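Presented below, as structure tokens, is a lone chain in the form deposited without N~6~-hydroxy-L-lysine.
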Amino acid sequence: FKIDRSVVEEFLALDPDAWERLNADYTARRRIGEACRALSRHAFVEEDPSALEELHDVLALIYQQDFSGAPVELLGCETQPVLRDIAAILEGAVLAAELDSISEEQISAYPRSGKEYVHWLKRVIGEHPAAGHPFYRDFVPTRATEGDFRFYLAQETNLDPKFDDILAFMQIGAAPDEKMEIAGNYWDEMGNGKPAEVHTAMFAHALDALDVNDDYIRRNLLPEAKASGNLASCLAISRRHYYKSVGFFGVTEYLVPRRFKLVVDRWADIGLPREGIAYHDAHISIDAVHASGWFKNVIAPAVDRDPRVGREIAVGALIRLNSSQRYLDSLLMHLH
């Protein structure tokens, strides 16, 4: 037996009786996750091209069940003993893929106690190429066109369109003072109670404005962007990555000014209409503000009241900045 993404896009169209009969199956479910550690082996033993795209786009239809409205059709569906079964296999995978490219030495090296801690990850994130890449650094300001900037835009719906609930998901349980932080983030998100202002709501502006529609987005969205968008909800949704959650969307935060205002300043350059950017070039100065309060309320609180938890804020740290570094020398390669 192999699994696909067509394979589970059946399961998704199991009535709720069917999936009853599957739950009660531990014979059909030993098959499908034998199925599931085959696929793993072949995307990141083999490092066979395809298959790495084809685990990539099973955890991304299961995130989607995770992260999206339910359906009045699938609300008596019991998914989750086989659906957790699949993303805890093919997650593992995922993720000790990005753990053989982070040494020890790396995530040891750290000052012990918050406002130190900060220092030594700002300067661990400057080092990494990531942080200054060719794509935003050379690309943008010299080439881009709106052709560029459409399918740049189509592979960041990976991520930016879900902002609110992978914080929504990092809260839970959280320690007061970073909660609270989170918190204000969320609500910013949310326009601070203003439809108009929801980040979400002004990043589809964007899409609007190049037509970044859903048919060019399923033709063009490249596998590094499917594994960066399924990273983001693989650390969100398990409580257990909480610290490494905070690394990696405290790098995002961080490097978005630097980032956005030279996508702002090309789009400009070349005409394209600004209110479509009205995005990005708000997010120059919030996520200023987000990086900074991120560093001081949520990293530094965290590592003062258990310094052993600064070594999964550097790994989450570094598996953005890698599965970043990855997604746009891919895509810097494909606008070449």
Second form
There are 2 protein chains.
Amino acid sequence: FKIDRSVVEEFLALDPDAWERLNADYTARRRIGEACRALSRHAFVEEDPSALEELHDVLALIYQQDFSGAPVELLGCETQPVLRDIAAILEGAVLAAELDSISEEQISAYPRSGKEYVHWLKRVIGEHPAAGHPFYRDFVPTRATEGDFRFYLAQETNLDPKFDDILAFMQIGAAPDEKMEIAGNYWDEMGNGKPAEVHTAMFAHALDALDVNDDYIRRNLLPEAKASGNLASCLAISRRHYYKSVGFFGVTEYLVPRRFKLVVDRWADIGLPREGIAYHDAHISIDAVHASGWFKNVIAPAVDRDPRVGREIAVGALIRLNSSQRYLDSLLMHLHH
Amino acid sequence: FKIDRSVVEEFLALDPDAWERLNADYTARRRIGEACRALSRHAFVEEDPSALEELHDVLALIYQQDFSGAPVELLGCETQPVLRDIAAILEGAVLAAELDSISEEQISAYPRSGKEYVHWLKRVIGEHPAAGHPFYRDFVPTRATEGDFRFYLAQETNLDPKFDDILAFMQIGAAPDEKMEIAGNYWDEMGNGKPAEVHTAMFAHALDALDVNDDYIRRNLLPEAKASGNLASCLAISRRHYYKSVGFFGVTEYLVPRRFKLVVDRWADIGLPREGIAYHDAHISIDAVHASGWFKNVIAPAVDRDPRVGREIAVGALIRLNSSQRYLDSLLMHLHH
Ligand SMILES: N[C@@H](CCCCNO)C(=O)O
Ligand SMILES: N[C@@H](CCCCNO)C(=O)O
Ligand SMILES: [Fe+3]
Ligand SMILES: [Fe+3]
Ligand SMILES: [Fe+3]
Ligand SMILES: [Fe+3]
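The form deposited with N~6~-hydroxy-L-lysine bound, contrasted with the form deposited without N~6~-hydroxy-L-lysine above:
Okay, now the whole complex, with that chain kicking things off.
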């Protein structure tokens, strides 16, 4: 028995009674889990590229179920016993592979107090090549065309369209100072109550401006872009990944202003529609504030409450930096060719 | 093999390697699932009261893991394959029992348009005895002592302390009008950015005022109060229960002002601490606004988008009304004796 995205599409087409029968059959469920371990081995031991893409296509479909409004025809289907077992197996393998790129020295010599930890982490971020990647520093300002931006925005659908729900998942159960900062960030994402200013709405306008339609996205989404989006989903939805999420999305907010300023300036130079760049233009100042509040009110209080979490925050920051590097190197490699 | 709360406490004490070994053993996992079906049968077929309380003690512990900040020692433990299978089995039985009390005529003759559906649902709510329950209408204004209120507030820890995260879970993936209303409600719950005004913080002050400490809660929490809190958790955390949640928490907001006005007036008459009633006092006007916005901006747009969801919203409203009735009848029965 082999598992791939089409096998899971078939599961999601089952009616509520068929799901109940599957959930009651632990032999069928053992076989599904074994098929996931086999796929995980092809993807990360053999490092077969088609198995790696298949694995992230499967995870992406499962997270679609976690993040999307359920359709009426599926409201009676108990998908958690099977889908959560699949996700646990594939996630475990994705994260073990990320951790293989992270050394213990990288995540252990931090200062064990909040304000000092923030300075250390900014330095650690600044050492990493993703903090000044040539896609943004070099290619965008000098070469990027409308078709380049269209391809780039297709990759960016991996994360930006669900950022408000990432934050909503993250703040579940969070301590007060951290929760209040994440909550204010989420409220900004929802336009502070004004529909026109909702961030996902303005990002959708950028997609419209370059005709980044769903078929173009499906055909052009890079495997490393899918991995990036799956890592974001993986970390946000589990309480036990909260402190990794703190580092992962802290790095994200921190790097947006430098990256988006480059995108916005080029977008203007080549005369692309002003209406389409409102999202990126707005985030240049918004995420300078978000990044400042995230360090001061999420990271520093967490470390001050329990310095042991500085190691988890550092791992999440490095997972974001490493996965962003692989994604941007792959993107820049496809855009050159 | 029997499953109870202490068996699941033991699972949660396992280290990450022991969890990995358990997750890989589908024979052990088949036995856990079979033990859950056996407990479910004792609880809802035999209707054994100790099995029913044990079942909700198990669910409550699992939802604690979904809703609480994870402790550092547990960050490496993959609990989803087993805990989600347990929850699916016990939840399926809890909800089947709720649906046994709901007739098809109750959830099918609604008008298939939003504004009209709102009037229908308010009428349906008004027919149900929980909408004017004697605990609030009769006992509170005339008899409730400080010890009665202390016992009551212990029961209310089933829901109020996690209402902000219920809303955050609920709005995941929601359509824009509905999402923006839920988001504004959540932001109100977080004091609109002012820590002193965060609703869970002010509820904690009410608990402090009557010494509703964790040991008192543990010893006094009624089985129907646990069932109420578990139903709230169950519906909020699954995307497929979104439309039930819309009805369940819509009824909740709608009934708060009448109930809390009775509580606040009695609390004053018997001279209890003014500082302790700030939460309930504030919610009298807050939830009149929340209830109005919930009907207008959540329920009516959902029904207008797809009238089929009026049946799910109605089921969730009746689950809230029925479970509130059982809880308040049990509470009033213990307070009389
Ligand atoms: N996709 C962009 C950042 C996305 C942040 C979302 N803003 O709320 C990047 O990778 O830098
Ligand atoms: N526990 C109360 C309502 C709780 C609503 C929370 N307010 O944000 C009741 O059962 O009426
Ligand atoms: Fe944003
Ligand atoms: Fe931001
Ligand atoms: Fe509230
Ligand atoms: Fe409210």
